[PDB]
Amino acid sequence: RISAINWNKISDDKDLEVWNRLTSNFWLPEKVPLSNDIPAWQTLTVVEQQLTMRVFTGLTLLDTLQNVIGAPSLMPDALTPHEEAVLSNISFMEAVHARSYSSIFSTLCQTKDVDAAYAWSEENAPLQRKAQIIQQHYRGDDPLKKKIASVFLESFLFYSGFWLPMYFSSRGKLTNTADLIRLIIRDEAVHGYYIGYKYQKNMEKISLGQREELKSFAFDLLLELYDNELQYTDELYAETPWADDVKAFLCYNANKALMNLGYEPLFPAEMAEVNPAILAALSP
C-alpha cells in the first residue's frame, strides 16, 4: 500500500539534511567552461593524454555501475521514505557524473583516442575486478554488505582516478576539468557519509556476533580492494613518476571510507601522507 510521502513528518533529520545538501548542490557539466582547458590539454604529452582518457573511462564505469546497480540496490533496504527519495537523487547524480566524462572527451579529446581508452577499460583486469567485486555484493542478499561496498565505491575506489585532475590543477593545468571533478567529489563525499551513516543505523538493530562478522568482512574487503587498486595504479601510472603519490592518496581516502562506516583507520600516517599541493587542490 503506497502512501503519499510527507516531508513535514521526518523520522530522521539526517534524511532532510542530506536531501537539502545534495539537491542544493545540483550541477551539470554544461555549467563548467571545459573548452577553456583546450590550451592546457595541448601542452600534455601523448602519454599524459592517454593516461587521462584511461583514468576517466574507469571513473565513468564506476559512476555508471552506481547509477544502474548500486544506488537502486540500496532502495529496498531504506529505513524511511525520505531516504528512498534521497537515493533517487543519488542515482540521478551518478548519471550526471558519468555523463560529465563524455562532456570532457567531447571538448578536449580525439574520438579515436577516446574509443581506444573505452576498449582499454573493457580489457583492464584490475578495473573489471573492482567492478565485479562491488557488483557481486549489490546483487547479493545481505543489505549491510551492500552498504559497505557502496561506501568503498564512493569514498575509496574513485580516488586513484581523482588524483590526476587534482595533480594537474596543482600545476595550473586542466583547471576547469578539475572544477568539474571537485563537483563530483562534493557529491561522492556526501554519498559515502550518508550511506555509511545508514549502515551504522541499521547495525544498531543486529546482534553483537553479526556486528563482529561484518567489521571483519569490511576490513577484508577493503584490504582486497586496496591490493587490486595498487595493481590498477601500477598499470595506469607506469610511465609517470606519480604511482607512489597516488598510493598515498589511496591510503588517505581508505581511512575516510572506514570512518564513514564508523571504523578506525587501518593506514598509518606514514602511508597516508598526501602532498599539501594535492590537498590544496581538493579544497581551493
Contents of the next structure:
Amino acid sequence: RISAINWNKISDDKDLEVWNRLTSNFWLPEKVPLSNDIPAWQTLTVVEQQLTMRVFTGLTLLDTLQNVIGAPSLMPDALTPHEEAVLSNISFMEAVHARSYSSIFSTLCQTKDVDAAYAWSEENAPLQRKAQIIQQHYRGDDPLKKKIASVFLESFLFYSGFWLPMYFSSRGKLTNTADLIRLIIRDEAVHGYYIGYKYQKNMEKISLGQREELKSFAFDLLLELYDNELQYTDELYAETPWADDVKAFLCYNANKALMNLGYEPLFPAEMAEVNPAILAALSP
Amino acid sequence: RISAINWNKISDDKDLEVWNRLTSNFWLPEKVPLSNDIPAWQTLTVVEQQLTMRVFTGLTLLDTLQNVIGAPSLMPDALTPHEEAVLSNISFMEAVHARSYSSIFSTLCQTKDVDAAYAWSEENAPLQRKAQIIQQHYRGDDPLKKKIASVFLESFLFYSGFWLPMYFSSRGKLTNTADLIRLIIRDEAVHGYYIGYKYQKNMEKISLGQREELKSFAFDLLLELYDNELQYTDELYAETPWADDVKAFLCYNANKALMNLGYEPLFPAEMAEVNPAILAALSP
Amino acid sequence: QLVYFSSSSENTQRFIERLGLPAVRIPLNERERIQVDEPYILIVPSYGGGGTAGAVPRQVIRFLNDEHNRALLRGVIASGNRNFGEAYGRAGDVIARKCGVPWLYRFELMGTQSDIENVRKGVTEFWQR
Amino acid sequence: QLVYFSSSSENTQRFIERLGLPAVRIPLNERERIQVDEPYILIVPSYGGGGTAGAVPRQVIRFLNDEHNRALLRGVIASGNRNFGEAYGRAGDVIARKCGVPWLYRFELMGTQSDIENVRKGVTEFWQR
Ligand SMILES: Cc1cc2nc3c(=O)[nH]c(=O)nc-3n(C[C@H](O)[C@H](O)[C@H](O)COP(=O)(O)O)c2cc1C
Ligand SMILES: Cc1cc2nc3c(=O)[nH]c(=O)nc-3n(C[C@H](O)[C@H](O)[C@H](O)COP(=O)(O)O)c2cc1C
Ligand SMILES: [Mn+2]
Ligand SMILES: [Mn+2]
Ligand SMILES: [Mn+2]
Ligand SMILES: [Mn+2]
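Now show the form deposited with its partner chain bound, given that the preceding structure was the form solved without its partner chain.
Let's see the whole complex now, leading with the same chain.
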C-alpha cells in the first residue's frame, strides 16, 4: 500500500523547490521581540485597540480552519508523494500562524478585552458565512474547488485583516507585530503560489469544456466572497475612516489570488489603487 | 464546526509543554554536515555499507507511514484543540525524518546501491509484515489501539535500525550521521511520551473491563511485533556478529515503550543488558 | 527586443503572451542552446531561497555567462511578489549591479493590465534614446 | 525519608509506589507549599526545554528556595530519558551542584526492576552516614 518516499527521485521539481523554501523559512512567534510594542500599544485609542483584537481573533479562526481541515483536505488529491510531505509542512505552519495571534494577545492585551473580541468574532455574521462557504468546499467531492477556496482565503480574504498591521507600520506604530505578520504573509505567498500551481497542473487532465465551467465557478466564488468581505470590512472598520482603503487593498489581493490560479485579474486599476504607504509596508 | 484556538486558555499543561519542546527542537538534515562522513563511509566494508543502506530504506518506509497515515489517524481522537496542533507538528516532523534518510543517501551512497536496498526492503517479509500490522490498527476503529501501535513503532521497533548509527558512533565512525539520528531519537522520545500520555488520559474515561482488554491486547501485540522483529534483525544483520546486541537493545527500548503507555517493563535485566558503549553513544 | 525566462508555473510566460511583443524564451531545460543576435531587455523572475540567496535562476546565469549574450543586454525587468519584502524583484538588481545595466521595472506574478501598459510605453521610449 | 515531584504523567509517582518506601510528594499545584522535618533524599524528573528552559521543575525550585527544606537535603536522584543525550537527568546535577549534595542515581521514566532494587539497596546503605 504505502511506498518509501525518495527525495532523489523527484517527479515535479516544484515540490522540492517549495519544500526547501518553506522549511528554511521556519519561524516561531517567540523569535519576534513583541515586548517592544507595549509602549506603542499604549498610544493607540480604544477604537484602534478594539479593532486590533477583533482582526486577530478573526484571523485565528481561519488559520485554525486551514490547519485542521484546509491543508489536510488537499492531501488525498496530491499528484506526488513529495506534495503530501509539503502539505504536512503547510498544515503545521497554519497552527504556527494561529498560535502567533495568541502571542500578540498575551504580550500586549488584557484577557477581558480579548475574550470580548473572541465573543464578537463568534457572533459576527460575515466571518461565520466566510468560514462556512470555504469549509463546505473543503468537505465537497471536487478536488479542484478545494484548491480554489484555499487560494481565495489566504491570498485574498485574509488581507482585510492584514491591512491593519501594515497601516500601523507606516505610522511607525507596532513595528514588531508588523514584522511577525510579514512572516505569515511570506508563508502565504508561497502557499497560494504552490496550491495555485497544483490547481493548474490538475486542470491539464480535464476536458476543455470542464475548464470553462471551473473558470466560471472561480469568478462566481470570488464575487460571492468579495460581497461578503465588503460587509465584514464595514463592520470591522466602522469607527474608523479606513474602510475604502481596505477595500482597494482587497481588490488588489483578489487579482493576485486569480493570478496564482492562472486567471486574468478581474478588478481594474481604479478599484485596486492601494495607498502607497501600505505597499511600502509590504515591500520596504 | 470550527472554533478559534486559544493558547492562553489551556486545558492541559502538557499540550503547551510538548508544543514548546517539539517546535524549539526544529531541525533539518541540511543543518547537519553529512558530507564530512564521506571519509568514514569509504573505510567501511561492503557488508557494513550494504547493511547501512538496508537499515535506512526500512526506516524510510516506516517514517513515511507515520507521516501519511500514522499521525493523521490520531487527530480525530484528540481531546483538546491544542493536541490537534501538536499532532500537526508531529506529522510534519515525520516527513522531515523520512527526508533526512534521502539526504544520507545523496551524500554518501551510490545510486544503484540505494535502489538495490530499496528493492531489498520491498521483498523483505518481516519488514512488510511489520508495516501491515501497524497500518491495520491505524485504519481500524479503535482509537486507543492506534496510540499503542504508534508508541510501539517509534519507541521500540525503530531501534533495530537506530542501533547501527550508535554503534558506528562508539567506534568513531559516521559521527555526523549519528548526530542526525540523535535528533530523530530526541523527537521520538517526546512523540512516544506524548502519545503514551494521551493514551493514559483516554483510558480514564472507560470501564475497568475495557482497560484490561487493551492491556492484554498491548502485551500480545508487543510479543507479536517482537517475534517478527527478531526475524527482521536476523535477516538484516546476517553478515555481521552484532545480532545479539541489537536484540538486547530492542528489549531495552521495548521496556521504555511500555512505560510510555504506563505499563510495567516486561523484559528482564539479562535480556535488556545493552553494551555500555551503545548507551554512552546515546547519552554522552 | 525582449528575452525572458519562465518556470513550469509560467507566470512570466503568460505575461509575454498578454504583452504581444515578439520575444525569445530562455529554455526551461538546463542543457539547451540559447543565443540572441539583436540587443534586448531581459525579464527575470526571482527565486531567493534562504541564506545564500540564489535569486537568479540557473538558466539565466548560463545564458548570461555567454559573452555574446551579455554584450547585447541593455536593461532588466523583474518579476515576483511584494509579499517577500525587501526581496521583491531581487533578481532584477542583482543582474543590474553585476552586468552594469539599469533596473527598469518591477511587476507581480503574470502582471496586471497596468503592468502591460507601463512596459509597452516604457520599452518603446527606452529604445528611442 | 524521601521527597519527590511528579507531573500529571506520573512516571515518578509510579516509581515511588513500586519502590515501597514512605515518601512525601511536592504538590503539583504551584500555589501550594510544603515543609519536611526529617533529612531526605530528593527524587526529581528533568524538564529542560519547553517548560522554563531549565531542567528543574518550578515546584521543586519553590521547595528548595525555602531555607528550612534546603538544609535537610542529603542527596538527589534524577529521573528522565537517555534519548535526551547530555541532558539526561540534568535536573540531578543542577541540584547537586547548587546545594552541595551528592548526585546518587539516574533512571528512566517509571524505572526498571533493576532500578528499584538498586535504589532500595542504595537508600538503606546511604542512611548509615
Ligand atoms: C521558491 C520561490 C522563491 C521566490 N522568491 C522570490 C523573491 O525572492 N522575490 C520575489 O519578488 N518573488 C519571489 N518568488 C515569486 C516568483 O518570483 C513569482 O511567482 C514569479 O512570478 C514566478 O515567475 P515564473 O512562473 O515565470 O517562473 C519566489 C517563488 C518561489 C517559488
Ligand atoms: C518537555 C519535556 C522536557 C524533558 N526534558 C528532559 C531532559 O532534559 N532530560 C531528561 O532526562 N528527560 C527529559 N524529559 C523526560 C522526563 O523527565 C521523563 O519522561 C520523566 O519520567 C517524567 O516524569 P514525571 O511523569 O513523573 O513528571 C522531558 C520531558 C518533557 C515532556
Ligand atoms: Mn496561514
Ligand atoms: Mn496557508
Ligand atoms: Mn519519526
Ligand atoms: Mn514519531
